[PDB]
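Using the sequences plus the hints, can you model the full thing?
There are 2 protein chains.
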Amino acid sequence: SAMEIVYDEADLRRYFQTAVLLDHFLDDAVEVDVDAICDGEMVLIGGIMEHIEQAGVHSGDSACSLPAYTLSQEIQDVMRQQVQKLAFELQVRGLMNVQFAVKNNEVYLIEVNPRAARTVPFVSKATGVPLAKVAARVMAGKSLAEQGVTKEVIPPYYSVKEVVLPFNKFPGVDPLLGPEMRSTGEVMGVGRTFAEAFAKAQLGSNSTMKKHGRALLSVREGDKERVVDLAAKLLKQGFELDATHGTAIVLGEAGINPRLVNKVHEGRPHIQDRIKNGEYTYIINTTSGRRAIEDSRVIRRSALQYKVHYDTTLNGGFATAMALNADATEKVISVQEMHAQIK
Amino acid sequence: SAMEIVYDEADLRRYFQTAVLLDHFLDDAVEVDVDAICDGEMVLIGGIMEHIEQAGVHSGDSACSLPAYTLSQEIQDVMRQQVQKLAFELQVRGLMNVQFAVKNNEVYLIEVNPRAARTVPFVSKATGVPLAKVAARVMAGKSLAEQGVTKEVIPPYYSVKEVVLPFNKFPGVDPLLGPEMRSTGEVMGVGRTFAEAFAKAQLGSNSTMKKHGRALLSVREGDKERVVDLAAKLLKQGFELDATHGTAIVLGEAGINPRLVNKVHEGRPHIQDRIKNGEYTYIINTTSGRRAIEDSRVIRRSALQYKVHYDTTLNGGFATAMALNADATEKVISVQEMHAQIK
Ligand SMILES: Nc1ncnc2c1ncn2[C@@H]1O[C@H](COP(=O)(O)OP(=O)(O)O)[C@@H](O)[C@H]1O
Ligand SMILES: Nc1ncnc2c1ncn2[C@@H]1O[C@H](COP(=O)(O)OP(=O)(O)O)[C@@H](O)[C@H]1O
Ligand SMILES: NCCC[C@H](N)C(=O)O
Ligand SMILES: NCCC[C@H](N)C(=O)O
Ligand SMILES: [Cl-]
Ligand SMILES: [Cl-]
Ligand SMILES: [Cl-]
Ligand SMILES: [K+]
Ligand SMILES: [K+]
Ligand SMILES: [K+]
Ligand SMILES: [K+]
Ligand SMILES: [Mn+2]
Ligand SMILES: [Mn+2]
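These protein sequences, in sequence, are chains G and A. Sequence positions in the first sequence follow the deposited numbering and run 717, 724 to 741, 750 to 1073. Sequence positions in the second sequence follow the deposited numbering and run 717, 724 to 741, 750 to 1073.
Don't take each hint at face value.
Stated by the list, open to error - Here's a subset of chain G near chain A, in silico, CB distances under 10 Å, partners left out: (1) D972; (2) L981; (3) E983; (4) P988; (5) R989; (6) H995; (7) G997.
Unchecked claim - So the derived label-pair ranges between C-beta atoms look like this: (8) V994(A) with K940(G): 37 to 43 Å; (9) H942(G) with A984(A): 36 to 42 Å; (10) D733(A) with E970(G): 40 to 46 Å; (11) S802(G) with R998(A): 31 to 37 Å; (12) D1003(G) with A1022(A): 23 to 29 Å; (13) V994(A) with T740(G): 23 to 29 Å; (14) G790(A) with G985(G): 40 to 46 Å; (15) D733(A) with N1007(G): 45 to 51 Å.
Derived by calculation from the structure, the hints in this document are not laboratory data. For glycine and all other residues, C-beta sits at the position ideal for the given N, C-alpha and C.
Laid out in structure tokens, this is it:
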């Protein structure tokens, strides 16, 4: 009345110790951000952003795309409808932001921020519409209608925003994502395709990701299934794979034989070693659970330490994969050209 | 003054509880049997048989070859000489049998049986010399020279002896080889090459071995080195592989990436499951240590229950591998013919 996610009774207390609003955690859910302007008369949708990282990974630290790269129009429209309702009910006059979660083709409302959100600039840039100015006019007494800004702009190119985290400034921290924001800045990637935009945002954020080498895959239960496909993509891109017992087990059941690696406590060599010897060019590590987390800490610290690009979400992993297809230095475009393409 | 191999002090005691002579166990040594006859004037080497399974697996349960398939002539000549020395010293008059163990190019005596041994019949069949008839004559007073049997016979073909175990009659028993004899009988395989004899011997032993499929590998520490080769030989022959945790680690480091399989405690699916489901056509499982044994019991028992061919020794598995290169149904030969090839 710090945020944590508890999985069970034990966990619950367990947290209590070290310790109030309880909410059901919408697992394996897509997170969405919407910025919109309302003038009491109507509502203009500034932008619908679909996060790369799932709900549970703070929006502030999620990568995102404008326009959505996976959500259905249908569903977006739902969200678009909801905002409007919210707008009016709350009697918004100026900017507003709404965050949703999409679970099983269902739309859940996370929060409503009836002010300017840190997303505004990215949206303005992507769409060519200075939402801030507009909403400012709106607040002063000049309607959207009167402003001649009434129709929702859908760019012809992909705009992906990625973030930068201060982890390297505090080595003692576990460089891992969560419900609480820790990033200091963001970059924007502009592309013809999501993969392209993403590759640029990724490169822009200072990533050491390579297009070749050996990948380390160590994912959680709930991801043990999808990883299969990500592993495939990596193989296709020419990566050689290593895998921790559990995950290896799963891949193999699908036709994928990675090179099994040892957790720290299981033998030498182990991960830390390999990481340390620059055996990997990529690491995909997903964890769920206070302990498992604590138990996988070393993987992340080492990786951060060794300059190995790594992802801590599967959705994050896929985007990285997809981006392997694109070439961030292939084509550059200016903000001006960008806006020029808008109809 | 029921035998057992103890690895350490703890073990020692450990045994002591459950339970005397004490003999250093000659690890990774080749076991050899030698059948000879002495008439007080000379000594006749009937045959030198090299065991496939190493010392520690009772000669009565080991497969063997006449002539040896790996021992050097040098070293066989050393055994030959010791046999003669022993024959004379002990005053043998008739048949005798000598058991040696070879380690690091050194011959060790395991025991002397001053009488007809169970290998006699096989040796006679393989060499065309009826040792029992000869030794009987000697015993009755007709010397080896008088008889015209004074030169060792080394047949032009390989003769392999394989055994049959009654484990299927006692499901409650762990179908594992060791220092105590459990076999009820034996067969013989005759071939142009070791591979061919072995193959015939194995088929004859009612082995369900197949020339294709998926193999399961789960070997002890010591075997971790030679396994790679086995794994490779299996790969060449067109098999697919599965392996448990440690084995997998080793294979990975060698470049072989088998499909990982779960130890029963590890989870699902595990070995029993797979064995039970017909996933395997061959199983190679080695174990050292009373406790390590008791644990792995389940692999061995399922293998047997399900009729999957299984080897419990690395030597054995190699032999099985060699046999993949042969066709036990290709050529047959009568004993008359075999004998007729002897010069
Ligand atoms: N019920 C929930 N299910 C899933 N994720 C949630 C839930 N509540 C919050 N989150 C996640 O936590 C973040 C923080 O929640 P929010 O109410 O937006 O906090 P803040 O005021 O810090 O922005 C969101 O960006 C989202 O990823
Ligand atoms: N010191 C030893 N090192 C290795 N193997 C040995 C040793 N002593 C005996 N063995 C193993 O035990 C078996 C039985 O020993 P042996 O003295 O021949 O017993 P038995 O009287 O039953 O024939 C051998 O065939 C061999 O595999
Ligand atoms: N947008 C958050 C940064 C992603 C980071 N590579 C991670 O996967 O943890
Ligand atoms: N030579 C004795 C039989 C061998 C059996 N396949 C085993 O390896 O245990
Ligand atoms: Cl905000
Ligand atoms: Cl005997
Ligand atoms: Cl029984
Ligand atoms: K998110
Ligand atoms: K808030
Ligand atoms: K033996
Ligand atoms: K004996
Ligand atoms: Mn929020
Ligand atoms: Mn013996």
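* Look at the Cβ atoms of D733(A) and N1007(G) and judge whether their distance stays inside 45 to 51 Å. => violated (37 Å)
* Consistency of beta-carbon spacing, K940(G) to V994(A), with hint 37 to 43 Å -> holds (39 Å)
* Okay, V994(A) versus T740(G) on CB: inside 23 to 29 Å? -> violated (37 Å)
* Verdict for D1003(G), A1022(A) (Cβ pair) under range 23 to 29 Å -> holds (26 Å)
* Is the gap between the beta carbons of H942(G) and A984(A) within 36 to 42 Å? -> violated (23 Å)
* Asked: Should the hint that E983(G) touches chain A count as held when the rule is a Cβ pair under 10 Å?
  -> holds (8 Å)
* **Agreement of hint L981(G) with chain A interface, Cβ distance less than 10 Å** => holds (8 Å)
* Asked: If you take the shortest Cβ to Cβ gap from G997(G) to chain A, is it below 10 Å?
  -> This interface hint holds because 7 Å falls under the 10 Å limit.
* When the least beta-carbon distance from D972(G) to chain A is tested against 10 Å, hint result -> At about 8 Å, which falls below the 10 Å cut-off, the nearest Cβ of chain A leaves the hint on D972(G) intact, so it holds.
* Given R989(G) was flagged as interface, is its beta-carbon under 10 Å from a beta-carbon of chain A? -> Holds - the Cβ of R989(G) comes within 10 Å of chain A, reaching about 4 Å at its closest.
* To do: Could you check the hint for me, namely that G790(A) and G985(G) are 40 to 46 Å apart, CB to CB?
  => With Cβ atoms ~44 Å apart, the hint holds.
* C-beta pair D733(A), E970(G): status relative to the range 40 to 46 Å that was hinted -> For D733(A) and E970(G) the Cβ distance comes to about 41 Å; the hint holds.
The structure does not agree with the numbered hints 6, 9, 13 and 15 stated previously, though it agrees with the rest.
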